[PDB]
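Take a look at this one chain, the form deposited in one PDB entry, written out in structure tokens.
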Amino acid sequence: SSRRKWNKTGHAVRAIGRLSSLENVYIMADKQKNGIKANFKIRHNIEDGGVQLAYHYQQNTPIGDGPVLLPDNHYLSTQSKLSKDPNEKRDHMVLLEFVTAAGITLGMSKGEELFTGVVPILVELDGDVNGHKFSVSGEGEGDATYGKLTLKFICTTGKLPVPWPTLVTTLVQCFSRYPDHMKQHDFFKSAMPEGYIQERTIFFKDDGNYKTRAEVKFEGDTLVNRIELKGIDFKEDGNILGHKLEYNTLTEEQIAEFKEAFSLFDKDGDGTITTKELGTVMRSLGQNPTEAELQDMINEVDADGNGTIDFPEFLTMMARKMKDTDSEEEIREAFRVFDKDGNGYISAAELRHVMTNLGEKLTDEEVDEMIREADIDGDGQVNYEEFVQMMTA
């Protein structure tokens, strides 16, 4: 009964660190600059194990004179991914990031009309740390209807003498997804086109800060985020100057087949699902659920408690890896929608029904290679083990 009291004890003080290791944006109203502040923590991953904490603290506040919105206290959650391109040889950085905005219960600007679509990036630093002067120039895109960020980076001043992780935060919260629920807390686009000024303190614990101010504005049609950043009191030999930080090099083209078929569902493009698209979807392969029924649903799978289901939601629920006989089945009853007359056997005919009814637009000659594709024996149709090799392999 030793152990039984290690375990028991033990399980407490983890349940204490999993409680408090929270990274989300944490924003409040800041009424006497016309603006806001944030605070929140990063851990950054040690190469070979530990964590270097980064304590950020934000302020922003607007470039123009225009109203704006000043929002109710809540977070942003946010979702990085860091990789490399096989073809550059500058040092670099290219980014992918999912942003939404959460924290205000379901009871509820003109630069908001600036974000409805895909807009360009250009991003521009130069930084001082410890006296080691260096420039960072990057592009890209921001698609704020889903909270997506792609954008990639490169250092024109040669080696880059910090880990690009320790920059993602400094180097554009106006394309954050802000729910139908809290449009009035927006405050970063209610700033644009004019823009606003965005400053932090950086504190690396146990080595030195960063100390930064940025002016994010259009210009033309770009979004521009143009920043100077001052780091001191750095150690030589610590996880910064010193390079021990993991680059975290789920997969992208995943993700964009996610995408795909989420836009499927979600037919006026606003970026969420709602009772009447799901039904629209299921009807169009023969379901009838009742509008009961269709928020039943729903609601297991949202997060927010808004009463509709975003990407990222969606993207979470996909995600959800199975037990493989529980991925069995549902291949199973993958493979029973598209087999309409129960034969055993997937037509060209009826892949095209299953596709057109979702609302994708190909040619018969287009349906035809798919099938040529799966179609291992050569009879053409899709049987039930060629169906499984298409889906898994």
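Think of the rigid core as the biggest set of C-alphas that the two forms share within 1.5 Å after superposition. Positions refer to the first chain, counted from 1. Compared with the form deposited in another entry:
Looking at CA displacements between these two forms with the core superposed, a shift of 2 Å or more is confined, among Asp85, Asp206, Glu260, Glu219, to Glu260.
Superposition on the rigid core between these two forms places the CA atom of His56 less than 2 Å from its counterpart. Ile346 shows a C-alpha shift of 2 Å or greater between these two forms [criterion: core-superposed Cα displacement of 2 Å]. Residue displacement note: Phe115 has its CA displaced by under 2 Å between these two forms (rigid core superposed).
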The other form holds:
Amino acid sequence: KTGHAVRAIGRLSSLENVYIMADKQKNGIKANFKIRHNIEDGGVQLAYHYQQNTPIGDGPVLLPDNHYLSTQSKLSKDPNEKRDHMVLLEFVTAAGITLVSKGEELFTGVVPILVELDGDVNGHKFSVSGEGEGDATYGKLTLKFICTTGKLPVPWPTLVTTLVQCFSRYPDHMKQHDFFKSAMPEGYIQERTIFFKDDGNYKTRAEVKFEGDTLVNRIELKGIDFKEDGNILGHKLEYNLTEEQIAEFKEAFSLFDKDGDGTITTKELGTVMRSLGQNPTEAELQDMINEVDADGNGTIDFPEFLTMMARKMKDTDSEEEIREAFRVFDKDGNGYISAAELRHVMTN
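Could I see the form deposited in another entry next, after the form deposited in one PDB entry?
The next block holds one chain only.
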């Protein structure tokens, strides 16, 4: 059962959020991050994102310290809709900094959203159209997307990140780091390249601005070098918790929180890893905690620990990640794990 504990450490060693830095050369920001698409019959497809945003207007913008965005997405179907479509529910929150603009005032209530995409992937063209609402106070998006060209030639999940980060909920201690809203109403250019592992890549250019009362995302997408047999063109990707597991998670939370005060410190996280033959520094342990530390108080409470495990249970890991999760039990590293190599890890 305490396999839960090993992947917790794997997750805390991973980088799963949307990382933002100021553009140190000009107004704007850069971002990079990783998406895991679950392959239908098991496996994972990874997509590496590299992102640049630049104001359209001349006025000043907020250039943030490094921090990140954290995401929850639910994709569904509308049972009374016959066109190729996607209903999306999304929560996005900023974090990563422990312990303001004009355009920010445009986001205090529910804002209507229009989304317009023209795409071309390996010569298969398509258009997508989206409408819905954004609630920045809760980092909440609700949208319906329609493929207006008939059938979509790529899986819907691969488009999500392309199809309005000015709707992120920035916590009160981080308001001065919201580049996205400060760029409004005139808005910003958002550019990405997206690299599907062992496959093609998408390139995207988007204009994000207010047109009247409406926040508009207008996008061009060109995709090349895809395999007609790969997970994208071949439509191999999945479309989208028991309180039994919540019991299994609080029990795995106790293994770290040895003094049971409801929170995990760098002190306690260090103990567990050292009993698994690792030796992380104080700076590493703070960085590990900071990746899943929603409130920025430097400790992982149980809400914060749940979110990370719900997300980790949602996503299949790659082989390079299961490899390392495997070589924690196999001490001699021979391919076959002995029931003695288990007990060592177990006791610890």
